[PDB]
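*Asks:* So the chains spell out like this:
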Amino acid sequence: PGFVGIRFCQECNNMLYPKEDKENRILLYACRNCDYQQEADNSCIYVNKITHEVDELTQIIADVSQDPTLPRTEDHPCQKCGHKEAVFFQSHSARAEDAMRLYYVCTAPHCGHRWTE
Amino acid sequence: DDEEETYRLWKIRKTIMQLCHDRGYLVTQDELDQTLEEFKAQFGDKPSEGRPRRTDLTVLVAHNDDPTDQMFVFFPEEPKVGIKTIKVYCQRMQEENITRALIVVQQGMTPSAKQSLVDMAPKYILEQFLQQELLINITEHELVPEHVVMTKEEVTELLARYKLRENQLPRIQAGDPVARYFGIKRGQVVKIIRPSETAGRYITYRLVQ
Amino acid sequence: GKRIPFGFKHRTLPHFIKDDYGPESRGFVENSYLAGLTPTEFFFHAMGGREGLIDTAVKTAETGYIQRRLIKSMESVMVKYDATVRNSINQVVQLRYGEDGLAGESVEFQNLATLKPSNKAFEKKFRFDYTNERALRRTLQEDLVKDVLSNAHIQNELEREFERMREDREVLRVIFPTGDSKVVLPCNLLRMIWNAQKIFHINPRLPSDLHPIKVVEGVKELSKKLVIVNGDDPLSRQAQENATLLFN
Amino acid sequence: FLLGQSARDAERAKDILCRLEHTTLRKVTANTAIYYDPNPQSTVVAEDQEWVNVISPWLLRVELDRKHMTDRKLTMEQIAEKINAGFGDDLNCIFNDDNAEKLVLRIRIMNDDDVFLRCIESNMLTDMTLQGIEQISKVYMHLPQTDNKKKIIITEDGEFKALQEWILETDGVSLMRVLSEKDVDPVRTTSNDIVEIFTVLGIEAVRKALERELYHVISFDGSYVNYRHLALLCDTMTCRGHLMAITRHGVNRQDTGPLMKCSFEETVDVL
Amino acid sequence: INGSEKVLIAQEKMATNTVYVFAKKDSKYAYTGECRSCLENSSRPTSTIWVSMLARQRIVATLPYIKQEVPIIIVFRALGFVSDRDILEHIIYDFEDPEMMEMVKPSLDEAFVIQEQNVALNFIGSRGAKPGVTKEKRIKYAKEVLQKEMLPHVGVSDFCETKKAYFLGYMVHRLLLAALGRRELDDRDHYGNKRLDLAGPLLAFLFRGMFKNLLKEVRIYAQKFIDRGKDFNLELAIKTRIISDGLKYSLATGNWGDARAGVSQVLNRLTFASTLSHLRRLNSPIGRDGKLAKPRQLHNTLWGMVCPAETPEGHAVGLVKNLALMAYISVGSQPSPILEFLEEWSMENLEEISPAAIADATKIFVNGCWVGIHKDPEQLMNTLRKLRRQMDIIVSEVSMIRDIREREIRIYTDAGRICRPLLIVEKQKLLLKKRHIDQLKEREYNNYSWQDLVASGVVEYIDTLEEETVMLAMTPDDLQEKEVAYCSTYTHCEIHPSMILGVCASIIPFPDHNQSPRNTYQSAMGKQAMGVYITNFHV
DNA sequence: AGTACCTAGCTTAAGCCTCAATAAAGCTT
DNA sequence: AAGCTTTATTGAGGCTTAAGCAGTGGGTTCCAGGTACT
Ligand SMILES: [Zn+2]
Ligand SMILES: [Zn+2]
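Residue numbers (full-length UniProt numbering), protein chains in the order written: chain A, 9 to 125; chain B, 2 to 210; chain C, 795 to 1042; chain D, 1142 to 1195, 1207 to 1263, 1280 to 1439; chain E, 313 to 368, 380 to 581, 588 to 868.
It cannot be assumed that every hint is accurate.
Unchecked claim - Sample of chain C residues at the chain B side, in silico, Cβ under 7 Å:
hint: 1; residue: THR850
hint: 2; residue: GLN885
hint: 3; residue: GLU893
hint: 4; residue: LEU1040
Since the hints were derived computationally from the structure, they do not count as laboratory data.
Built from N, CA and C at the ideal position, the CB exists for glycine as well.
Make the full structure from the sequences, and use the hints.
*Replies:* Structure (structure tokens):
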């Protein structure tokens, strides 16, 4: 599955509330301040991932390669740019940090490619 | 479940029989320790609306001497027993000529009927017990030493020998699970024999307060 | 109780690289006090010492409040002249002090020989088999040897005391389910026997000269003389029996 | 302490551990979501078991993991039965067979509110009590080394023997309910809490239990204290029938004298 | 004072104007945020604002002078932000990450009933320290509270509404990050979260209230002598006792007030080492006889900042500390030149930005208050350092800290920060060349002093904040020679490891060969050793 | 002006607030 | 009138608040100020 985002109203720019359609049996997000209706996209209006299957590559930014305080390795080349040097670090996050998973970020400028071993 | 229910009922029956035997009642030897299979054959092996339902295993036991008094045990059908339900037991109780009786409740028993149980203590004594209390014979636990109820003559002998009054003895709660197991009333000294690692054996006494 | 925490962002000191779980980075000191500690190790050694002093400084206040509660709770518990333990309001706490009436100064750790033999080992070491001739010849003088062999009443008594030992052996195993016998008792019997041996110049190579019936009678008389609870009524007799049950 | 064959079997000990640890669906679920499928015969997920049905258009789609499913030794129908028992006929549960790793529970109401379905969704991940008892956290099991916990038996030749059988160690406290469980030794199973024993095993068992516990903390560091002093403190706390806590709340509640009680921390209030 | 030598012991405190996220595990709040906001050169002392997450998941705010837990959405509506989209823009900077939106949704849906700014402000005025009479005189009380009470460091003016809203949204965003754990929690013992009140700030705090009392007395005098129709006497209007006796009492007694005590202690003159130790002593404001150990433990950030060995071994272990040798407390300067420099470069202010480019750049903090955005964090830290390696605009005491994991960049100019000077390391080389030693050996001749070396861009002061983002080597002889490479990316080098000790621990021969408790005991007794404590003792 | 007279955490009982059985009261057929 | 329903009703679960928190010596500072009346 996937996460669900908060829908926004078009007139008063508030957040839309899901509701059911009594005649067409479809789900509709409805504003409460004004009366604005829209055709919903997916049946999943709520989701809850509890098993912390949190991919970390999205949270890792390419700017971290500029940090002098991180360890460097000439042992793992970049997959995209082929740069032989890349830095590595832990997950750096709560709801995590139970497994020692290394995350690699290529230090080559203007590439910023990141991956996990 | 059904096998779990009949196992629980057999355990409750075993503990009740052991309680009656330890209290000084006429307990038949095989009834004192019967096999789960024996209980299942004797009662029906289907408590879930079947032969071994409640009110069928109301155990009537008399005293070892002076067999007039009995506390034929009760097993209410409903989990939360109440005043209008214990009045049926009271009617059956007055139908006989005895005063003591025990009930084995399933869930928490109502405070109004709790007060009611005290409300006829001088007339006829009623004790209550929850199911989890009668799934284990606490007297068999290694932490619980041998509790023995003392007769009035023995209590007088003790007080005259030690030249002390009933007030000076160490006391025991009336709601003590051991006291409830023996069903001892207020003002009834209970000798306790426990092993001592510095003297071998040590006998203490606990008055009921 | 654990290694040096990451005080900084995922590093114990700014001198180590981030996410360094190595020995030196997390506080292990490989040097000795003779070689001296590196500055990173010296600071980490200060980490442990500061924890020790903090424990020492805080323990005093919390512990100090404790004994005051204990003493003020039991500042009137004493032993009355009937050997019983009563509080200020004459409520008996223990019928005898320490469940035996023995003070805590004149007791020693002793080993119960009756506990932890095998059944055959217990019988081999305690039964005093009188049927063997040569064993009696070596242990006792010949006048005593024929006295034991001829009379059967003495043989009956020696059998009866062993019966008490098996009864005692079962009692100890009930009292001590754990297989240990390091128990505190007032009189160090083994030492006094060894004290008696050196005083009287035994030379245990020679056969002894005491009648075993004197040993049985002497012990029984001695047990009567050791009185914790006076009186003659069976209630006091049971208390006296229970008070010196382990010692007897 | 385990009673019989379970004490010498790690697999049976695991079963007892699973029957004692408090297990909720949150510890078992992987992820959960709600959907709006007015046609159960054709769900938006387009899975297989949708034909089991052949009433509310919004459902609860919760997916279970296999690792926690196997460790707790549960079956899929047990969870549905617990939910049905805990919620009556207002809820319907359609589960998945052991066809794929994806363990799917589809839950619908008899018709209420989606927010209410979310409200009960937060009200299920907490307290169905799938396995074990309440007031208990993860339980740790191991083989003992010291003979105090090792089962000491007497062989037919009279010699002691230290049997090393599996013992359990919880992190909550609940007697009178664990002792009720099968394959559990109701005799040797002790506890750490003192108040709990007083409710269960009475006052005299506490005097023994407090003695053993106080001896444990004193002798842990190898120090020795005579048993006379242990006995007196345990007896003076139990010479009143109830637990006499050594504070102003327990010492100053017995008839000792106004001066004794004022000699303690609270002075003016007593006098 | 009255012939007695008094020493103002430095009292540390939580760093003001800094957002902190803590975990009150015992209360009903899963995660609580706070910021002891205090505008510089403001007579009114700090006012702590709490934003705490409910444990159950709504978000509430504990505003000053308000006794109820106001919801965050209520406050945002009260700031002239009615649309939910605008509030979410000010709180959540990305519109492609649904998880935080879903997590904050219950708080947004808590107060969808209130939609008008007037209604929100009326609810703000409800259940305050000074209750409102009616709708009137309660709208103005709420406006005053939001204008002059909470978040004073972001500005106190009519047009500061958007800046205050941006800062509150940042606080909520940081609380949400702490709740998700993407950012770790903040430590109460990290010395980057603390400031040291020296004699300057302490006397300023006393003088604020004392001068206020003098002004109040002058006002009373003027009220007395205008009601008679006459003209007051200004010489008799100002009484000198209320402005001098207050200082004399606060310094002679130590009672810092008319509050806490022991601020001014009698100088210890048994030994010159004791005198030096008493002048470099830090006193923890945490009370004594506490069973907790975290405020007393030797935190990792005490390296080189404070002596690790010297501390009173009594009931004040770890609380009372002695300053290290080369440790220097920043006396603070005005941030206006830094703001002018930032506006000179391509920095965009909060009042001229869209809420869409916020997530793709680094937020810039100056003395805690959020000033704007920069698109390129690199070449900005480089430029700021280059000016701090030249003393062009930025004073040496000012410290720049670039958070790299999270797109943040903070510049501190506060008065009370603790820093130490450190060598500056280029690619793999020190900037302390041989010519510097040659010019420094011939002092009193070339007039080449330490300040000349600082202006030379060779050494610089690094505080606790910047220590978290620096790779610092022991010595050049070991960590700049090619080996099995450890990091090969050193930024600073320690001048000498022995300078991490205090004044009393520096007299211990071979202190590393001893045991740390023995070093602490020696540092304690080093202040008690008799000797020639001063040269003019005969007078 | 000098001087005399008036004005940081803990724990645990403990009181306080709310909620579900239950018999009296009165309808109800 | 036996039973159902209502309505106090009454005992039984959850929140704030005092009140305690190891032992002996040595120094420093402060205890009226403000008006009123001769
Ligand atoms: Zn709208
Ligand atoms: Zn790359």
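*Asks:* Hints first: check each against the structure and report whether it holds.
*Replies:* Results of checking the hints against the structure:
1. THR850: violated (35 Å)
2. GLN885: With a closest approach of 5 Å, the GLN885(C) hint holds.
3. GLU893: holds (4 Å)
4. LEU1040: holds (4 Å)
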